[PDB]
Amino acid sequence: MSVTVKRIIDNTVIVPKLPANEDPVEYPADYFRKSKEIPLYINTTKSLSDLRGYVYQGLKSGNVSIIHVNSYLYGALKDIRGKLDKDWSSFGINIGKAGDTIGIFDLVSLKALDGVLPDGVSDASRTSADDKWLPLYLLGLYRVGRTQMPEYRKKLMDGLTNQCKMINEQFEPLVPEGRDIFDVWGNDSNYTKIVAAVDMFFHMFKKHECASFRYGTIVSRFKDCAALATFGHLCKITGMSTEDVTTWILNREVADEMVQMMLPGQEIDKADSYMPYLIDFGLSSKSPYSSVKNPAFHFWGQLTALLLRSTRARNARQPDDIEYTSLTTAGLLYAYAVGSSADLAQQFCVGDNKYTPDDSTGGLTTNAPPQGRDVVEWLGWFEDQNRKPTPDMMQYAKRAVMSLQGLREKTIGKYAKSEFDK
Amino acid sequence: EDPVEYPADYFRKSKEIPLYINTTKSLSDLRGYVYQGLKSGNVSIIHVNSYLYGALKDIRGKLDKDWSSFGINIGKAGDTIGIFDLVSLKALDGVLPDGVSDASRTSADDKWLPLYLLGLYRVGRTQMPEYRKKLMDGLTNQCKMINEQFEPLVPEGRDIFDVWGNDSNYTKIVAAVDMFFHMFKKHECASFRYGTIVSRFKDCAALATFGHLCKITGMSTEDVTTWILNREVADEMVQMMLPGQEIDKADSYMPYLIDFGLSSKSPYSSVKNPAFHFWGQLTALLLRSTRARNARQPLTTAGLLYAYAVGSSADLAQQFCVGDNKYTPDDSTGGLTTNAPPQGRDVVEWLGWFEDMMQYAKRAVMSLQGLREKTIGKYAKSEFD
Amino acid sequence: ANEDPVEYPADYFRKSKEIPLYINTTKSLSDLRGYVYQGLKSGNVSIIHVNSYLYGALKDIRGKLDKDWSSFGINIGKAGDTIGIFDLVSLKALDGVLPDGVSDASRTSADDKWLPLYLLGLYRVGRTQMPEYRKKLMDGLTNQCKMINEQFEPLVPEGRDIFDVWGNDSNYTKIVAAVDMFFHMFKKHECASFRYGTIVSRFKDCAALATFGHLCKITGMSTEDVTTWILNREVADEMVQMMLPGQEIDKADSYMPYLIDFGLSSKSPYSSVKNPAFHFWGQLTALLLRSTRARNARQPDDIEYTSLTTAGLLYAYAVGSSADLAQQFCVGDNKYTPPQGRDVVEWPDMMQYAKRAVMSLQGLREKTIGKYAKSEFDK
Amino acid sequence: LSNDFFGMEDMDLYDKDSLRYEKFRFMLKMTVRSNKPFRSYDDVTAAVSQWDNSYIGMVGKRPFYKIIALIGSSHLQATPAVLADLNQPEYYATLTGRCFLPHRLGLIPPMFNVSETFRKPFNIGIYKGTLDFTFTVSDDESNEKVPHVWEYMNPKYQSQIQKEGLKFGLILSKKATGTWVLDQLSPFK
Amino acid sequence: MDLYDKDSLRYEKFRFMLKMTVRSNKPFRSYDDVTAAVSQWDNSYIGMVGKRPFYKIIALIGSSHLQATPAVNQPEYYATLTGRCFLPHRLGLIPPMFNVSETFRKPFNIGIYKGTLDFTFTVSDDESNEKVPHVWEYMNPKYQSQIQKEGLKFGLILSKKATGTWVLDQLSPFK
Amino acid sequence: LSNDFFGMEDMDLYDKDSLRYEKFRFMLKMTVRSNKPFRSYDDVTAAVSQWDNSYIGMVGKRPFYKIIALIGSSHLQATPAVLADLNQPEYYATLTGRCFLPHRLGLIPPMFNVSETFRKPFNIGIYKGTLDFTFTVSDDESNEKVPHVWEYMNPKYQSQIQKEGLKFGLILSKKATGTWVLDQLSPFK
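Protein chains in written order, with PDB author numbering: chain E, 1 to 422; chain D, 22 to 319, 327 to 383, 392 to 421; chain A, 20 to 356, 369 to 378, 391 to 422; chain M, 41 to 229; chain S, 51 to 122, 127 to 229; chain N, 41 to 229.
Incorrect hints may have been included.
[To be verified] SDA-like, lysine to any residue: derived pairs with alpha carbons at most 25 Å apart:
#	chain 1	residue 1	chain 2	residue 2
1	M	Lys76	D	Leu110
2	E	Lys388	D	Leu110
3	S	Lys207	S	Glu130
4	E	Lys46	M	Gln128
5	D	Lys78	M	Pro120
6	E	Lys97	N	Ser178
7	A	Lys414	A	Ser273
8	D	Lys36	A	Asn63
[What the hints assert, rightly or not] Counterexamples of contact, computed for chain N against chain S with all Cβ distances above 12 Å:
#	residue
9	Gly97
10	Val122
11	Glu181
12	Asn194
13	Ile201
14	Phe228
Worth flagging that the hints you see were computed from the coordinates, not collected in a lab. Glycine residues also receive a C-beta, built at the ideal position from the N, C-alpha and C atoms.
Next comes chain E alone, as it looks inside the complex:
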């Protein structure tokens, strides 16, 4: 515990501990210490043509099995092509070494699935023109089956149809208009492993001739990592150095949230790593970078970015069961600090011409904005303003939240318009 707790009637300890209502965080490093490989269980006791017919007729009839589609996706994505130029070591796993060609499944361990294989709807009239567009469609359904609302799922389906038509050019749609079955595919573990492996392989080889398969699997990149994504967005919208931003966080829950967010041995700064797929590969059952596990920082950063007039931070869902006063005050203080007092300091110099005039009546004590970006100096100004934000901050928030037509319910924009636009 932090320190001891004493209830003074008998000088006794209580040692409180939170209930396990939500599962604790799991890091990819712990999983990769436990096991040195990522198993992938599939049923390979079938020919490629038979599996292709199985998946084709199942998609056309809307009753395709997950085992059949997983096996067919393995069979049609054995493209060893793709030559590494540099080493691709990640989490102590040697995927390749600077010149040896690797496949999609060369980065995940492969095993044999223990189970019974469904019969199927085998067809023999479908030729070997499948690798061009069928894995694309099968992976696109994975991303499509996460919107849970028609007016976006329709656009995603149209995009997938265009993506496949650019390759095949006939592409009569397979899945019927209704009767969805790809919603369940996310639950299966092997399908997520395959789709995330495909996404990372085609992310390493962007210029691959089959790089179009990134459509429908790009959602797997940084999946359930909303807190990390909003931290990056905040660091990019504020313009301040990414390390000075963390000094500004307040409210005593954002700090511990940050500490669990960036444990050093997690490798969250390397693009070609296993970290962005900590939940699709099964590395972590509960991603510490998720928004449900990290509500306070997500809310505060989204509010700050919205106050800095960012188009991204207007649709993020406002987290529930968190404070909406202290975080809002901290975000407003940060926004007034960055968006009003521009740093605007000399950066490069030719031998000389460096400093600033400190003897030209450089007064500091005044009822004016600090005209700086240091956290301590703005905090001193705020506490001299007895922790009650000035009406000028309200005016800045009103200017930064007004004219935001077409807001989204339960999102940050609606709350900001209801709160900072009294």
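Keeping the supplied structure of chain E fixed, place chains D, A, M, S and N upon it in accordance with the hints.
Okay, now just chains D, A, M, S and N, sitting in the frame of chain E:
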């Protein structure tokens, strides 16, 4: 009221959880038994328990880490484990009902029928027709996601499944299933969590509202326990936090202390822990939490004091520093004697200040449209508005 | 006789000419390695097995002595002969029953690199009794072990600490102190990382001597001259019992710093509980001279405080207000020249100096010297 | 041995293999799952003898764990699922009691009443699957007379026990008195 | 090479015990199939290495003396041989043996035939001065080209000394 | 050698080729892709023998890696893709266990439990393609007796292991008892 029983006491008394079932029947004969009983509304609890054991022998599911709990050697990181491998299995010494055994049912049970049987357990615990109908519709949607025909078996009425919760073996089975599928979230049969999720933290609303309070106030559990007062919340919290109960471990036997029969009276319940539940729910409601609007009313001064302390006096304190430059100016007229809120969160300082809140409660509670009887929301609207 | 009479290492070495080490060696090295390893994961490892494994894995005869290493009339080594850890303690056979053991047959011979280091580190860890220091020591131990093995999945479970009892076993303390002193003699040994977790055995239960040295080092005053300032009439007997001649307390490579872990002394005379007044005086004096060390030592009980505070304030004022500034090196000639001196006979402003010294301290410590001074010299 | 190197005189407490009886009670739970029914006890022993392929459990009870596995394999009763075609057959066996085993494996370290579980797969060719175990081998310092350990295995199975015991790693030698004695285990086990 | 009988003929007498047990999917057709099924008994040999040639010759005598059980469901063969005999071998000095039995089982995969094996070997030393019979009359062989070839593909190698005593040359598994 | 220059006397620890047994457990994964199916196992040995044309891997395990490559080539079972006309024939083989290899290569450095992958295309003329490897060769200090390493090859294949085992660069011999001892690798390799 019955004395509080802790899971550690039970696990000291016995080193295993017995599951009494009668398995002298084939799996197909039992699938017919339970199917015809559900369709005719005359299924027996012994038959349903035997069938649930028979259709849930999925040794599949590979552990990745040790799963010790209460000194029980559940598994070691790599060995496959089944649902019933975490409860001891015995033979039920009892009579087996005659039954309505069928023969035309194929091997399509493991897909959706245990789901139906476990879901009706949660269904037969509401006693609100609207909520029960909504849960039944969700159950029908969940089962139709697997077999897609799923003609409902139990009739529109005839809640024979209400008594199912009385039987200890059925509760043990459903809680074991919930534990197994909570350990393995990404299992291919994880849909069974529907209907058995109610077993998770069952009869433990006091601990749930403690977690809700700790999540809604921003203050740590180490500091919320400092604000306990009134001398019943204090020893209430003391009895809530016995050390060896292992309440902070997710994959433990604690959340099912009443379904496994580890405790006859759950210490973390509401009828045994009324005052802390009321205080936490009232405070959370005063902190604008939608969850604290429906809990049954089983302290108000303490809750209002804490709510004003945490909802008005924002902290905004420096917590990350670049090497140096950390402190706050104490020489800039840092007075402390005034007729103003302390602008802090310390319990002793706010207690000294106590030695505007009406308006704060009014604004935190007004316009609370759509309240329900016995709820904390109605109490706050009638009292703190 | 509430406190046991002090025992000196000289008395023990006059009584017995060797330090026995009773261990059970009727087990192969791999068997004992598996025993202790699976016990550490299972949290039910026996002390006999861990002592036997520690002996079996630390038989590194490597380490060449450069100078003689005699101590208390013991011919440990003679300037050139290779020496091991257990050549400095006599070894016997333990009489008893050996428990079953849970040995794993898949454990390779990658134990000596990191497992003795972990097993010794749990000895230092099992003395804090407070979560913060224990957790930081665990972090340091994991960092040290990962520097060698680089895998190091932690063995002992997070809860149910079984290593607090290990310190109560005499043989384990003997082994850990022998390892500590052997690696102290050979600083640059390739296995010197084992010193982590056993440095607590160095000068264990000798905080009074440590604070005497700190007082001699912070004031710059000579150790022969500081003892002239002993006052209060109880510090005198304390200092006399400190400096009995035949103890070699000034010898680093001697058996003295482990007078309690080796079992040489049951009640160490240099301990702080047996030396309360001297420890209090020295620590208060060091605090009054702005020393960061003298803000965490526990304030001793059952001793008068006013006289010790007066003496400490007097000595602190003498050090802080009377700088020496005297000619000490002369080139042939040119030698000669508050009392403005440090002589004992020569020696509201003192409370002003104490207040200046004790103010501006953030985060004091309960029951320690710093909080007592803040509550005593900051009125 | 002494012919190889110098100075390996044995202890005079027990010369080489001093016989002695170790009183102990026990408990057992066992569950063997296979893809096909076991035609004979031969396949049962073949599938079971791989329970300790990777030994993680307590080692001071390894011969006793082996003999308890032997009695469990002897008493593997079937289940209604072992019929023609219902599911994968799943055998079950539990035994509880007290017994004394004459053995010459040296003085055994003291035992404690702690449960140990084993979960390993087997692949003997035709048959595949896993196992399950729950040992409670502990010392019995009482003086009540107990039935012999080999008595617990009925002679209806085990056409000849001298090799059925060996199948699990045991080494037996009939003393012609009727009480089999455990000589040692399989090489370096 | 050594002056004092490095790799020359050596007469080694022993006491053995054999319990042959062979099972197959359908009854055996030719003795060649019996040899093929038996020869895969030591796919993973764990027992004493010094007793390997003796174990292979005991498996050979078990193969020669295999009779089907009267029950012949699945064909279950059975045999049991015991005797006192001496082996002339050219494998050099052999380690001393003991009166301990060792188990054996490996499922043979010879294509057509599926099944397992079960051995019980108790080859032990014998320092008794009593004259012991030869190993090779325990057979029922044809000295022309049968025993030299039926046991050849067990790995055994035989030679001619013109005396009629079959002397063991060398063991050649998977060769 | 000594016939050439002055003073190259051998050491007294191992005279020239002092035979020693090195017990070690291992693991193996293999994947051989080719344009056409391998008609004979000899072509398989030819295609796998150049798996270390540019060698980056272990030295103390290089003979062990060669023997593991040999055992993997022995058990290179085909796949359903190897049938008449589906795609390029992809082979696969995996082996795990423990074994001891008698060899006269001198004392070996202590091996660790570390895995190394290997990738290299092969060109044996008619046949194109690449390889794949994953070795886990490491020491085993347990007294547990292990099967002989050369026993892991079934007698069904490798009619002459003296050359089938030599295709990979090894030099074999016979210990006059039926156990093959590894003399050395290919000379100067």
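Structure-based check of each hint:
1. M:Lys76 with D:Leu110: Given that 25 Å is the threshold and the Cα spacing comes to 24 Å, the pair holds.
2. E:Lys388 with D:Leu110: Not OK: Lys388 (chain E) and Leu110 (chain D) at ~64 Å, beyond 25 Å, violated.
3. S:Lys207 with S:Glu130: This hinted pair holds, its Cα atoms lying about 23 Å apart.
4. E:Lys46 with M:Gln128: Status holds; Cα separation ~23 Å.
5. D:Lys78 with M:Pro120: With a Cα-Cα distance of about 14 Å, the restraint between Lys78 (chain D) and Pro120 (chain M) holds, given a limit of 25 Å.
6. E:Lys97 with N:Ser178: Satisfied, since the Cα-Cα distance of roughly 23 Å is no more than 25 Å.
7. A:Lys414 with A:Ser273: 36 Å, violated
8. D:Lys36 with A:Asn63: OK: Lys36 (chain D) and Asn63 (chain A) at ~18 Å, within 25 Å.
9. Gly97: 27 Å, holds
10. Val122: Consistent with the label, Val122 (chain N) stays out of reach of chain S, its closest Cβ about 18 Å off (over 12 Å).
11. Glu181: 18 Å, holds
12. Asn194: 7 Å, violated
13. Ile201: For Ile201 (chain N), whose nearest Cβ neighbour in chain S is about 5 Å away, the distance does not exceed 12 Å, so it is violated.
14. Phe228: 27 Å, holds
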